[PDB]
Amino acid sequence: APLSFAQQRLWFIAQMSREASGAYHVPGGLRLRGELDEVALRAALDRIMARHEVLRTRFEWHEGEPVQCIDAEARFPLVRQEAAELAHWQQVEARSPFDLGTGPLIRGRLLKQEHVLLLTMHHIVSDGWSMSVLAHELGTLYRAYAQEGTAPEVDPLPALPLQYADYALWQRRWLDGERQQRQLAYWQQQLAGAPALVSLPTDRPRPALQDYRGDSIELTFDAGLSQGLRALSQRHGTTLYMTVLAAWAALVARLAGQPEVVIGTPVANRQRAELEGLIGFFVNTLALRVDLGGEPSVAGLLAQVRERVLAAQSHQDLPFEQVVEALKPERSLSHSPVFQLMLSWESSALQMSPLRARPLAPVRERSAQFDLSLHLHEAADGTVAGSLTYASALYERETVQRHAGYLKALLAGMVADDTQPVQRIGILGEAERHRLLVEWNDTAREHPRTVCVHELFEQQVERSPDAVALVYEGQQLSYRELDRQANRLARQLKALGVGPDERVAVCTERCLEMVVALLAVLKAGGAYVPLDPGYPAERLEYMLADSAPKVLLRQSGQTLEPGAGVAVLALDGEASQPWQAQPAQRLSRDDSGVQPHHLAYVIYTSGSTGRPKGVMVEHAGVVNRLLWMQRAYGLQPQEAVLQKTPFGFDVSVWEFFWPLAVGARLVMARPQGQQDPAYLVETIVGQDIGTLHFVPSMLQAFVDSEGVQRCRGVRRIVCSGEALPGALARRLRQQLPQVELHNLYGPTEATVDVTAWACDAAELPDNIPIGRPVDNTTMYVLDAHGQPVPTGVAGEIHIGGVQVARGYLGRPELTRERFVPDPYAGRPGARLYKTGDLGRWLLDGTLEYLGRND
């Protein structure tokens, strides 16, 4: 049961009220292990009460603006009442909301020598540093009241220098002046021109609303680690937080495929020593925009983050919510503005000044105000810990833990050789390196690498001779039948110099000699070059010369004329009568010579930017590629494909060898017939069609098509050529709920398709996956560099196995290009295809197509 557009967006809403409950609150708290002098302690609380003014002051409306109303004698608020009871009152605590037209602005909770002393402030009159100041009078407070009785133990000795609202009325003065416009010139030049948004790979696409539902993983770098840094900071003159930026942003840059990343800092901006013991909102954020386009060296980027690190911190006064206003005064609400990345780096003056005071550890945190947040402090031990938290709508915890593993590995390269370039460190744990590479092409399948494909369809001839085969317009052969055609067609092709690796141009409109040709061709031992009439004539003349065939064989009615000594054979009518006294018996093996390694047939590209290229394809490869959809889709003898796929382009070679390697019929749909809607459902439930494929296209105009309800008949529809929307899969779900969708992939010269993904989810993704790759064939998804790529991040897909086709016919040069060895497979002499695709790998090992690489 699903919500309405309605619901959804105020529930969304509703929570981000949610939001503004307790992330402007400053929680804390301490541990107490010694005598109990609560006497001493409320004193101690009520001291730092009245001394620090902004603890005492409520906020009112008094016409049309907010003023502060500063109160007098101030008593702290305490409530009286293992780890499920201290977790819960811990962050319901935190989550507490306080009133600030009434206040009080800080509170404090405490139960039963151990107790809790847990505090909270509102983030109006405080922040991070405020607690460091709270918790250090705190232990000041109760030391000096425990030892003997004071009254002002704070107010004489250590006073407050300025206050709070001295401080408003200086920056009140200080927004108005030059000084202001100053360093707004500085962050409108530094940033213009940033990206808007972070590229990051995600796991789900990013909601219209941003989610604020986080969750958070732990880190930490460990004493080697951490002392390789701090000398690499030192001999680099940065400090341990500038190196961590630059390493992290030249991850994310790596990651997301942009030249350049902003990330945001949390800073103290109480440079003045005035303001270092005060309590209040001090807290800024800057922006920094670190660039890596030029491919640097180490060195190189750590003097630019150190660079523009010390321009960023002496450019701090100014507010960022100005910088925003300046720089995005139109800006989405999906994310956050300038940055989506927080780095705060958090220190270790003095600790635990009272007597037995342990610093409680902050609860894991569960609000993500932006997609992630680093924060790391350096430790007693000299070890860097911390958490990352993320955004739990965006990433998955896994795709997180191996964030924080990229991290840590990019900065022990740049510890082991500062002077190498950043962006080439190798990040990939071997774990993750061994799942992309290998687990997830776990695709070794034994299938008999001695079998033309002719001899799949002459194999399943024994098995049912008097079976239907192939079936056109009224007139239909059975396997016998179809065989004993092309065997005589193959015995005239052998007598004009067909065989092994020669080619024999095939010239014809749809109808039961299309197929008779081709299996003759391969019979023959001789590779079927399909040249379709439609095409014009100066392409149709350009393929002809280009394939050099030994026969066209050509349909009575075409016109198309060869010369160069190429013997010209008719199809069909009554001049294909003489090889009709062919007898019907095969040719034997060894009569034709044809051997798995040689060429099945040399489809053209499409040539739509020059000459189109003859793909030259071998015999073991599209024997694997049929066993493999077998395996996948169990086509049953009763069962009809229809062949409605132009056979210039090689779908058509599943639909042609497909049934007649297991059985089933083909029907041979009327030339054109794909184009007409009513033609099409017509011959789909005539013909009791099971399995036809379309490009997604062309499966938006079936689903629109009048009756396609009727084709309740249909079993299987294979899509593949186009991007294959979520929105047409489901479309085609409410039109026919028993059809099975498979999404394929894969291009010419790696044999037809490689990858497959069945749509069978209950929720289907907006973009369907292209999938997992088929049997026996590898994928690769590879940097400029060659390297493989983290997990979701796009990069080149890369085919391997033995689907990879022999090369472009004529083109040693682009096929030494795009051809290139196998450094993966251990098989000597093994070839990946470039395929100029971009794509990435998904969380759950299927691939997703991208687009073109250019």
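Residue numbers count along the first chain shown, from 1. Whichever C-alpha set is largest while still superposing within 1.5 Å between the two forms counts as the rigid core. First, how it differs from the form deposited in another entry.
- With the rigid core aligned between these two forms, the listed residues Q738, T559, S606, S588 include just one Cα displaced by at least 2 Å, namely that of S606.
- Superposition of the core reveals a Cα shift of 2 Å or more for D676 between these two forms.
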Contents of the next structure:
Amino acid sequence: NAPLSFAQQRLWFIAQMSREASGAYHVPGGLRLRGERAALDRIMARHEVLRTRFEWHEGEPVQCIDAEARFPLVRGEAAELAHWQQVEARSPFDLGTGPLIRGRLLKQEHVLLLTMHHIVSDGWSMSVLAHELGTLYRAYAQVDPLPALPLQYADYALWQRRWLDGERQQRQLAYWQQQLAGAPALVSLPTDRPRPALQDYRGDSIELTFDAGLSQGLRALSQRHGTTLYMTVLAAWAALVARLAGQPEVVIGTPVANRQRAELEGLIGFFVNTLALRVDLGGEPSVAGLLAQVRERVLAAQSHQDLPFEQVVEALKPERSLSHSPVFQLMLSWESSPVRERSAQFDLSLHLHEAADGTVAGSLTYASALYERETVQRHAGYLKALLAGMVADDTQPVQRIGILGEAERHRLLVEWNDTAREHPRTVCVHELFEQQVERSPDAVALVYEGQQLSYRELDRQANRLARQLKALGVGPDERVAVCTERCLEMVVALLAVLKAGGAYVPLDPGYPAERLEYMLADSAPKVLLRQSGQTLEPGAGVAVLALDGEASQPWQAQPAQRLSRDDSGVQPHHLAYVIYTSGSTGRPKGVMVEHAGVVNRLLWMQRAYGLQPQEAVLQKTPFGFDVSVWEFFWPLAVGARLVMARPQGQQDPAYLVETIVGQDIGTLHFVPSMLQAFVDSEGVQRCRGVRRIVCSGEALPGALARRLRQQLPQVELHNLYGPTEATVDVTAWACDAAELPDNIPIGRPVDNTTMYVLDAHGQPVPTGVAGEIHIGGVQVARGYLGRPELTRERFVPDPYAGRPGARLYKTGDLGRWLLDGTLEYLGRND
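Okay, that one was the form deposited in one PDB entry. Can I see the form deposited in another entry too?
Excluded here are partners and other molecules; the one chain stands alone.
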């Protein structure tokens, strides 16, 4: 539909709080009578607050007592039951005229609904109302004479008004401002949707039960540690939330009756208060130690329950947010001894009660704007699993107790990694090109500044150079450094190294001489292929061949036929290239990547995107970056042509658009920062022939993805992720949804590739929880050239693949699974 303006949307949520005030400030209740007004009026006459009115007078609300005990009773099974007891709760009252107790009486069997306003009632107060209604009806069939109340709520208000001025109010405020000083203002629980700017009070609930076995074991666990059943659940829930949110401390609220003095237990009115329970979990505590910490802080809080919670918020957070509740966002209520809750004042509110069978049951109400139902159901499953582990052994570390169910674990490890695709595992990278040469020998393969090379012409040039490399000792796992700017001969060199059975080492002449000299010496190549004009000299017994110019003419005398498979002797497990990466602060590391992983990476890309022979790909990425690997070899393996961009031609700001239009470029790559420059460049709207844009290397903002759509409505935008140590890319996400999110996911693993989000102990985390990304499958590189200790540090055994010798790569990146089985990049683990 047509979207609302910013002022319309913001005002709509303000009008939604008006309905929030209608459901949150009432106390509903329903009692069914099975059997054959004197009791209703008798309850009002003895409860002074039931006939109390409220109005304004001289700049302050006043209390008006009355003596009129007159109950205002009002007089399809499925439709009338659920709906009219919902409207009875949403029925607004009037503080001035009209009573504050609403009742509906409708039919031997009759159902009487009772409703009270929160200004003169609690949840406890209706339980007192049920005590008198069940007794006054048994006496009016067989107010003050039978039993007299000791006080009235007006006297408690006079006691509170004096207590708020006394020194005991100042002392309880000093404890709370110290107990909750520096506590986290907002819990970072993983949400399925970003938190709205204004708090959405739409809520839903699920049913959770503790079976008879767990309830008994929790009672025995509580008796042994001196805690109660509510305190044991508090410790477990606080332990789970801190584990899910990735925070050391969590604050959980709890409503208390605040009727400690035995004088007020029989009265009705507004007595309920709220306590903020701050639980710490740093230092890896045990189950026994955690229960003792919760015991210290529950007792210290329940003795300071007189101070209203509103004054705790005003002292701690005089400035607060509008998107969440202050101090705490989670609530645990214990109802030791109603329609489904559809309103959520907090993110999660866990309600539990002790049933007659001894089992613990209740509900978990969640804000539907933040969580899906399945997420809340898994949340309740973790709590029950955590509680069972605490009963099994109360001496173990609480934050390492297993909480994942068997269904979610299988989904995370197996189902969301079901990427097995049958690709030829006996073919090398250059053999993919050679197979395409036989299918289309005269098709255009390479374009550079007007010059062209067909598939057969490119293959013949590469075969000549490959024979010259073979004569210089190039073979399996031997390296050949290549130092050249972009030109036709760059691709001739790369294919020739692969054809000779070696691995190419790209040396970008733009880098300073110091780094080029290190890489040239660290890779210890057999041959340096050098473009005419470059002055890089290896020494060290390395052979130097000219790549172009008159000095390259000698190896043109080599026959242009392909070398046999036994001549080169290369196999898919041999190296295809060594590309260097700088590890933060230190020397660059040469990543050894084998043929089989590159072939898998290229064959998945064609299966996913279907590049056709008629298309052109733009080679614009410096070949020291592994993005160029698929820029080179993807089009050449399927029959398309590769357009070599001018060296530093993008220094001319208009070159990129002119080349896209002039050469009918259909596919090209951008790091998100350069994509922003592209959509902001002049004439970008002329590029309507572009088919695909691949993004990788940085986080892709959703706003940039949306900007690309408005500039080029036809282009398919794809977000890819993967380190050099896992062959270019391992996950992909198509930005094809009608509405794109702000955080663009990195997607799902590619063919024959697996992903894992693990905690510090190598265990899988629940869905939505942040952990370290680990990569498995055929694209995991062999390791770092000449650096075996770091290789063992980052390339660790794979305990999931079911294959001996398989390895995972520890990325050092933080990520999390989403509900739809897609991954999200969250930044560096450090």
